[PDB]
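Quick heads-up: it's one chain on its own, the form deposited in one PDB entry, in structure tokens.
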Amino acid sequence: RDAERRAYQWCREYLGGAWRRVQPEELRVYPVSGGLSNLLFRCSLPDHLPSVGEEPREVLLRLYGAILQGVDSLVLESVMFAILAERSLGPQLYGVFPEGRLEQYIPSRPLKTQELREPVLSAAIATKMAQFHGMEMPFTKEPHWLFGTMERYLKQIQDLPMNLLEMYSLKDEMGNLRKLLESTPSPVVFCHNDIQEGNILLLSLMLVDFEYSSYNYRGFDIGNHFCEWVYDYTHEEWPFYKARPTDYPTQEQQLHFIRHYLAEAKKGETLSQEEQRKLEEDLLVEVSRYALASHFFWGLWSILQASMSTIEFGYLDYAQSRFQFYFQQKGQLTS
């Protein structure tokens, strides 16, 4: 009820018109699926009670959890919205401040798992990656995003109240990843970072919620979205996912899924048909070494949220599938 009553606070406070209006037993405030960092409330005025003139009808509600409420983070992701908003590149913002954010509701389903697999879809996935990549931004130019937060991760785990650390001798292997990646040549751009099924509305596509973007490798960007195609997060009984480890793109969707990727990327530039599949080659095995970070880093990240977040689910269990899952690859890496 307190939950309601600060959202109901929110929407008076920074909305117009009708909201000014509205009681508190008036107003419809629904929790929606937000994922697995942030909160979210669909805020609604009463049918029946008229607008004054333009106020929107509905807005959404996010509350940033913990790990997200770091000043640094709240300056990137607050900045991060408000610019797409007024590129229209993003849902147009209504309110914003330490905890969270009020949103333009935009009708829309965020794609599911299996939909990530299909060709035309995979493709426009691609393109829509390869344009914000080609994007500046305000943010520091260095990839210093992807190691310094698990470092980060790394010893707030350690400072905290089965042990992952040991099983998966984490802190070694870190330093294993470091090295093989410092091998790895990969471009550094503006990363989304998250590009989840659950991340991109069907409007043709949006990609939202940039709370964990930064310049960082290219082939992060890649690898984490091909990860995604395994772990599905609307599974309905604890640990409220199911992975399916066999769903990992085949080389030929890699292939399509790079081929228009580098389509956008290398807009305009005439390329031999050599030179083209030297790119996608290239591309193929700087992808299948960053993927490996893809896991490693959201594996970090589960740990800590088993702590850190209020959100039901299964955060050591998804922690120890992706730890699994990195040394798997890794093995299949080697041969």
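By rigid core we mean the largest C-alpha set that fits within 1.5 Å across both forms. Residue numbers count along the first chain shown, from 1. First, how it differs from the form deposited in another entry.
In a core superposition between the two forms, the Cα of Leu61 is the only one among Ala293, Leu300, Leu61, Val287 shifting by 2 Å or more. The two forms, fitted on the rigid core, differ between the two forms by less than 2 Å at the CA of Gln276. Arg101 is among the residues whose C-alpha shifts by 2 Å or more between the two forms once the rigid core is aligned. Residue displacement note: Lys155 has its CA displaced by under 2 Å between the two forms (rigid core superposed).
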The other form holds:
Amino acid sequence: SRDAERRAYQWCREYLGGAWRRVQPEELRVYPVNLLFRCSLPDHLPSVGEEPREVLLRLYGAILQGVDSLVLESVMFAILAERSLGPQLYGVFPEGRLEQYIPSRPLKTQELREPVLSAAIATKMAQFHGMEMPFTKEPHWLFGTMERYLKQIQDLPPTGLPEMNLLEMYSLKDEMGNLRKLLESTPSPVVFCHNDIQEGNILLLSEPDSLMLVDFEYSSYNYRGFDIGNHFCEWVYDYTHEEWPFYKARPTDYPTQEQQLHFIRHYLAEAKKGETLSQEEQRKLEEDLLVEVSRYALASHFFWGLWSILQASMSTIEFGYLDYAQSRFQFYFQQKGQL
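Hand over the structure of the form deposited in another entry; the form deposited in one PDB entry is what we had up.
Next up is only this chain, free of partner chains and other molecules.
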């Protein structure tokens, strides 16, 4: 649309500067990749200084985001950029931001299991967990957010859908306490977590450090075990499935013990790189982490199942959110019973 093109043009010229000052309106169009758009400097123009030739314009939702929330999100994004753990940040303004376009493609679900890529993901996740960030270090995110989601679900206006509420079908309010008790018995260090290391958020670089993570919507200080366990759960789900419900679950694609240990070995090699450990101490760290993840992986099911019920309340036919929620809760109980 004429207005959207004009805004993108103005934002690029004003926030990027340099060669962008010489671009004429008729030479620039936005390409949707929807709230995300690619903007490219015309080929005939040389760059002036270090200003980027390739950016992504990210527009914020029509949805209300609090002031404090936007401060935290923007500060987080800016810091991860400086530390080379996310895309560079080139503009912040009320409507959105301009980010580095990373030449890349996202991973696919099946690629997560390839040993060399899985080792690289482990290494990157551990790098992320090494970050000191200016946010609360108290680990209230996991159960605080789940408690909030449950309250929000309880408060939803009735819609007319006749089915038993999933909170009741799966006794989720009671079950949350059972999970809390289990995880309270399971030590897991509190670290800066990504919280959504799915294939769609892992970019395979065309100009390799071979990967970059994106999508920090959910990132927070949280239990290490959640970030790893959540990643393992993602081996099961493909969100590119082309028929309703527009995801597919393959439960047998959950990582085997050997696949989990391979990831864990590479994770710990990075996490513990500055430490002098015997092979025996290393073995213990690996075994303990295997158990830790087996339990915190259950929180991935529980968290996303609750989140998905809320998504269903704002959706119709574009994705089977309620179906997905039920899949996560079924796997929760199955895996809980296999402990």
